[PDB]
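What follows is a single chain, given as structure tokens, in the form deposited without the named molecule.
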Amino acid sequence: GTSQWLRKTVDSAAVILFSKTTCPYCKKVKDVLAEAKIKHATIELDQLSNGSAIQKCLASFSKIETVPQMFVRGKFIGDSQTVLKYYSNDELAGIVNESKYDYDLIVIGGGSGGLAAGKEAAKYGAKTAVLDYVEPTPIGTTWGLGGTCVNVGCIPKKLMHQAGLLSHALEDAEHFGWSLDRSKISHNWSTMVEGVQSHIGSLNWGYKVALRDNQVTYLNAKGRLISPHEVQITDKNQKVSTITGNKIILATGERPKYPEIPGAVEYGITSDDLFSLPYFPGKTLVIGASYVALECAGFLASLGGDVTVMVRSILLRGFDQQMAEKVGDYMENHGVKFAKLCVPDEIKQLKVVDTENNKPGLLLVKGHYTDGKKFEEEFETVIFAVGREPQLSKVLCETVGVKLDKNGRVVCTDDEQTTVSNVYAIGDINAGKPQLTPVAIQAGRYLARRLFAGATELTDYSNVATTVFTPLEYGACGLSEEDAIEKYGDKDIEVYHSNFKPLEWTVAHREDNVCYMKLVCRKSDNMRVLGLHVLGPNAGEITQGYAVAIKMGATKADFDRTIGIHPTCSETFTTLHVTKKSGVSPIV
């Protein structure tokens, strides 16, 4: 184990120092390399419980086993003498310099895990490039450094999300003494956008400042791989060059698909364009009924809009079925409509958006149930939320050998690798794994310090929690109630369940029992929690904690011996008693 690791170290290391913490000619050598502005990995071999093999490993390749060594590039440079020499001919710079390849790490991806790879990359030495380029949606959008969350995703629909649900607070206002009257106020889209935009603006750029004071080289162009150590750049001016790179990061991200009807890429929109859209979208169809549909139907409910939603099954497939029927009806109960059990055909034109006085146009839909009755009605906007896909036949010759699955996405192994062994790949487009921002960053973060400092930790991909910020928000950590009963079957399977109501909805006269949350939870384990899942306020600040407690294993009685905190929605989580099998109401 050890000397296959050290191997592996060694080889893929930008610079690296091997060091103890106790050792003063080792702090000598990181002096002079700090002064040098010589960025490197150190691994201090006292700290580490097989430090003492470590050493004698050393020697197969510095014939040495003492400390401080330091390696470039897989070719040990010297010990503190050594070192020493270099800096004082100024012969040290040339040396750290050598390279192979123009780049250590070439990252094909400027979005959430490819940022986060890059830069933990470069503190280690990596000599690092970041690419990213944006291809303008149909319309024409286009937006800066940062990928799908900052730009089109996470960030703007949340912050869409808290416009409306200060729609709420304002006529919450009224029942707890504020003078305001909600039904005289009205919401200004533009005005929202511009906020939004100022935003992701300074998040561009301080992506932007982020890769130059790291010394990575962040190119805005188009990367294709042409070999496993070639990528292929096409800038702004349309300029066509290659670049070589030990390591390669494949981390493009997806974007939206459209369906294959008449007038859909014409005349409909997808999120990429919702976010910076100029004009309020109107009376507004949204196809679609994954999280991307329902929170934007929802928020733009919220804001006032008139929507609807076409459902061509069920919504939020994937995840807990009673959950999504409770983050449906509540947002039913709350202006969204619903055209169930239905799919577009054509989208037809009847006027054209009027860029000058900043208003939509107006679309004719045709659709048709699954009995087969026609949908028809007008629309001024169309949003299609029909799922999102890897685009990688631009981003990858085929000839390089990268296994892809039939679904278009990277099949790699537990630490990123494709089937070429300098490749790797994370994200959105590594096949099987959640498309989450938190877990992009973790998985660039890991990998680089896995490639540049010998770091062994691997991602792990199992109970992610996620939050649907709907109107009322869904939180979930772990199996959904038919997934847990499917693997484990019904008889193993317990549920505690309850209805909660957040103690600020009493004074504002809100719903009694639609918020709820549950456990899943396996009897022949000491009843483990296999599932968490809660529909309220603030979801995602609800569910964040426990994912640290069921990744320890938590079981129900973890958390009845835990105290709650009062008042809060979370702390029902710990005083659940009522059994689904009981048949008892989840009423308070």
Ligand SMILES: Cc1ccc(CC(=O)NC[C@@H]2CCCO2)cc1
Second form
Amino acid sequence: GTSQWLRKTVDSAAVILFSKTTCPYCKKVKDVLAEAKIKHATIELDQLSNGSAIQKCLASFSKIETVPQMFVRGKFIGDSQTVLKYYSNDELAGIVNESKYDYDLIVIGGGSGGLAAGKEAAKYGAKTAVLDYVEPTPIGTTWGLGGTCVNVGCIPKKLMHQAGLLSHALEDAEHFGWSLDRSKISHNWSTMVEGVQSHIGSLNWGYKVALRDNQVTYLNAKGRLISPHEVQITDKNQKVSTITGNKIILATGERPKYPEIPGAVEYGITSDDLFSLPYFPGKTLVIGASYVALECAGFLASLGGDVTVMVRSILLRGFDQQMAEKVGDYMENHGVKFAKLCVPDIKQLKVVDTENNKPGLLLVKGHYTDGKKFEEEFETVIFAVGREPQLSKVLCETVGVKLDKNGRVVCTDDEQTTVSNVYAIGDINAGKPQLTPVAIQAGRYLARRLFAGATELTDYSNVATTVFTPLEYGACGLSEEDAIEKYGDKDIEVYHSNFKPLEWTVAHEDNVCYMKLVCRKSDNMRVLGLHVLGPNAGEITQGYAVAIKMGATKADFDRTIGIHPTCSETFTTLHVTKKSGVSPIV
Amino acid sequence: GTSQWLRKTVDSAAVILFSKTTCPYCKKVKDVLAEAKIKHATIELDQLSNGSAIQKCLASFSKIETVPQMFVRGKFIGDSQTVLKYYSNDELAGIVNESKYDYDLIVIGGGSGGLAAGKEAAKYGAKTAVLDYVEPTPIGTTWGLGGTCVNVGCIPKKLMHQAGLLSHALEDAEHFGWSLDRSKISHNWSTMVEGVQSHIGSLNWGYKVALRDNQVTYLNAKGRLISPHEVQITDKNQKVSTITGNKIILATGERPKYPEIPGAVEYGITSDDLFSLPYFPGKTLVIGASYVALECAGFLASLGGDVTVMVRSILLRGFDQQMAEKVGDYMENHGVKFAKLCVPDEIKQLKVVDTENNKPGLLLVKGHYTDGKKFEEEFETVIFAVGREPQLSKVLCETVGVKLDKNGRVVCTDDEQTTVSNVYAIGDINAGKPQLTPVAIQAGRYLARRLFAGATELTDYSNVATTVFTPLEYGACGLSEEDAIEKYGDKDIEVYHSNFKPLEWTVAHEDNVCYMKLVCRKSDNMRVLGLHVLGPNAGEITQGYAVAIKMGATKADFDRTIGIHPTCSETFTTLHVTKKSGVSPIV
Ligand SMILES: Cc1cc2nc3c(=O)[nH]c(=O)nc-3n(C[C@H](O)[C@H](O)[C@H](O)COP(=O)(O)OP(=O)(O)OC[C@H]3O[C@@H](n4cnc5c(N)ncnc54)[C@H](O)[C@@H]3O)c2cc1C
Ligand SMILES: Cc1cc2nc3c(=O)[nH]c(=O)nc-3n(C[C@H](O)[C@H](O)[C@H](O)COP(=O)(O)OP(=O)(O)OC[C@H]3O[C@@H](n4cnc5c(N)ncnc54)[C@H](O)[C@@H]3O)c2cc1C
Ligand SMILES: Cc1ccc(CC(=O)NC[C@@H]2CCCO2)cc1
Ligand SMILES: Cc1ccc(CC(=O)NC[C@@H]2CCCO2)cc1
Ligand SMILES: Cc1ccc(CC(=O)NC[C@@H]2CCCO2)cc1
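Switch from the form deposited without the named molecule, shown above, to the form solved in complex with the named molecule and output its structure.
After this comes the whole thing, all chains and molecules, with the earlier chain placed first.
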């Protein structure tokens, strides 16, 4: 147990010191390493439950049982007198840099998970390389370091959402006494895009500065794993070479899918192109019904656009379907048009006008599920029909890394693949929620286990979400239909209520915002799922995710007192059950 | 044990049925009571763990151990055959209305706590009266049903806060691509006040309708408790009379204080006056440093006003002082002036308020600083926010025997009972309790259930979360850092903290003013003793964490929970810089 932990920690740590906080010989070794700029992990034996057992087990490696003991890449280097001797003789720098491999860690992919993993590993003395390359979109769009969220995901989409929310703030301001006239104000797309891209540029630069300051090697190159320890890299000049590493983290993410229909790749775009587009999309069709499709259609409508969404079957498949339909009803009431039960079968009428900075024109042909025909003209067609990895480009078949039927990596609960030195994090890890804070937690926690002897695993259960549609939807835990399937209808109680934000009163809807708690009767009314549709839904939901993590019950919500006036306080006084049939309106 | 719970429940309930869900004889009695419009509490014995023992103890009152059993005001009425005998003999209505008192419950005070208590009690067949009267301010301001929060408190102040927040929404919109020019837009006070007052009027009306539909008697009259069961009421025509009640709930709240200086009552105003003021205050002085003072100064500045705050000593006494200073620093950088370590000596009138042309007067304020230097400056409006106090002499005759504390608030047990066994107190007048609207509502509803439905649940007053709605909002739950250090010692306290920047603030162009921290106890598994956040939407951020803190959250619970991105709140899930480390908290 302890001995198996100690052997795993010594084998994989790059530079590690076993120590006690009160030992002045240990302080002397710490000061020499700091002076020589040698980064390392430290384990303070006097602060661990079984320090005495670990101290004994160390002798199986070093033949001594005292502290300090310093190791480099699995090899005992010395005690205090010995480390000082190497320092005085100018031999220490060469010893701590001796390695069978070029790097202790190679990260393939410089996004949310990979950057987090690489920076954390470098803190413990691991010699680290992060590779990042952005293959251009079909029309040629590309961007800088930081991954999908930073460049073409959470960051620009929430800034554009905020631009949309400000339209209603302008409307509300007249009712609260301000002299403006909303009807005479218009929106400039390119001014917004320039501000969004200036912020993204500051993030690209900030990540390169962070890697430099952590002594991480950044290679803007495409990587391919060709054997367990060998990574083939390809240059911006197409120069090909091979680097070796002890541990490998795969962190390459996903890219958007296109449907296999004529004209889709040639004449449509995806979210990858939208957030830097130099002209306003104009009259727009969004094909798809994911959170990406609905978030983009939502802000485009608030910015003044003529927007239609083509839905094959349902909205937000995999989310609670009562809440999904309330999300869509709000958008349809506030200007978004929906072509329901419909799929596309794209023709070009005008080429994009780079001269005068204007979109082209397209004819879209499709059909409804009953066979009736769809035919209509649009200036822009955005496909949001899912995302996928392309691990065939990243991973030679002969390495032995197992994939599932969707092409994602099959991992143990510590992110290990079927190849013992190779790990995977983020969107390519099969069966995990595909979210930026999950990829960051996974990468930081894994680096600590590899290079600092940590044991803590990432917990992937009950991870909260928020969909940033024009009225936002936050959730944590099970949908109501999933709870009933798992436990049976008679064991599920649902408390629910409508509400009206106080900010909406003077601004003139009464009963559109909504929240519910899905509970298990036979387990002390445990809260299985929380759902809220309303303003600031992500800020509302986050704190409750801690309480659900700790096993909150309905009684825990009841005994906590509300903060007034807020939207969130409605969760503390819920009482109407769905079984009662009583109306949830206010 | 069980037996004296049953005794209390039977003595106190107005109309209560002991039942079982599968009993068809109980179903017939229920349906009879519903047809006759008789409201009542119900105890289903087949659902309580010791319902067997309760069945036995019922015999001590009724000499039977079967179900159903109906009681009215402590007297056994009958089983199924006997209840139906009374119904078809036209004898039931008289029996269920027989009472020694005019009412089962009299609530003195129609505000947050009193309206909640009265409505909940009526749901169980208690015959209930709610008394409310609003004594006018010195300049004559008055308002309708619903109490301090509804009329001159949480509701209008947060609406005026939102009007102020929309000024920065207008500035931000230009950076996000909208074509407006913020510099050419102005604010109209009276248009605001009309919208705010129209919403308050809808709440006044809604409460009157709610009381009518619950069969609660509403008396717009001043109440005075003259003996344990007698309440003297005074009419709008000065008519005096007396009504009697079994249980009494005191829920009369507080009103603003004035300093004892010349000119204060005559020429200044309070928050009672501000929210319906018919003219814009103009150049304004706020005297005091409570959350009322700072919230009001904040929105007046954001609406374009010239605003000064006169501070005797510190800001937000009783709140975390690191956070209080950050709140004030933001206000001073965004257009609120502060006269620090300063108190007033007199208000002199220079110009009388012009009712016709709808304009303020003009005043001269004289004061001095703590070192001895002098203060002298003219203002159009002077607002006093130097605390609030109850006036229980008006409400409560000394001979009744209800004990007060040295501040004049009612001394109560943990179930809100006073020193007089049938009299209870809730809300701001209950000594030692947090003075907040959702506390008063929970106390009132929970008390009503114990009195008339045999409930046992008490109100929990610990770790109640708060939010100060200053221009940059401040949310908190639990201990301040200084209180935790005093309680446990500095070596046993660890503080994790960080600055943050809302994503919404990036394109709009400050980096390091929003701030959050967790104050934790090392020797108790790093228990979270207090949570603090300064930033936008701070009440929405804080609320959910109050459930986790109620449940005993540790730092490890915050670490294992995953963030929602992009939000301000997610910064709580990845905190790692400690104050003891000396590492900077900036972004
Ligand atoms: C429109 C949109 C909105 C989103 N909004 C949110 C949101 O609000 N909240 C949220 O939590 N999540 C959101 N997400 C999801 C979030 O973007 C992802 O979960 C996250 O980016 C996954 O990080 P990752 O490290 O797994 O991969 P990525 O961030 O995609 O990083 C992988 C990187 O590796 C590079 N790469 C690929 N192949 C190679 C190779 N062979 N060699 C070198 N480099 C390579 C890629 O080009 C990329 O830069 C959104 C996603 C999209 C598309
Ligand atoms: C400016 C301001 C802002 C506030 N903001 C907030 C906030 O954001 N959040 C929050 O939680 N709290 C806030 N509060 C506090 C909140 O208003 C109080 O905690 C709450 O109103 C107290 O409720 P109560 O039932 O005890 O008394 P009240 O609501 O004051 O009701 C008592 C009622 O009884 C009446 N009455 C008095 N004497 C008699 C009598 N003899 N006969 C008949 N009727 C009588 C009073 O006139 C009044 O109508 C604020 C308070 C102020 C002043
Ligand atoms: C067509 C096109 C245009 C611009 C860019 C940006 C760039 O400079 N990419 C550098 C990578 C490193 C490996 C191959 O190219 C890429 C592709
Ligand atoms: C606005 C809006 C748009 C689209 C939808 C989805 C839809 O058409 N749902 C019906 C399906 C058929 C199978 C089960 O329910 C809802 C709401
Ligand atoms: C903007 C603003 C205004 C007022 C204050 C309070 C103050 O003046 N503090 C000085 C010393 C420190 C403790 C006692 O007084 C702070 C910040």
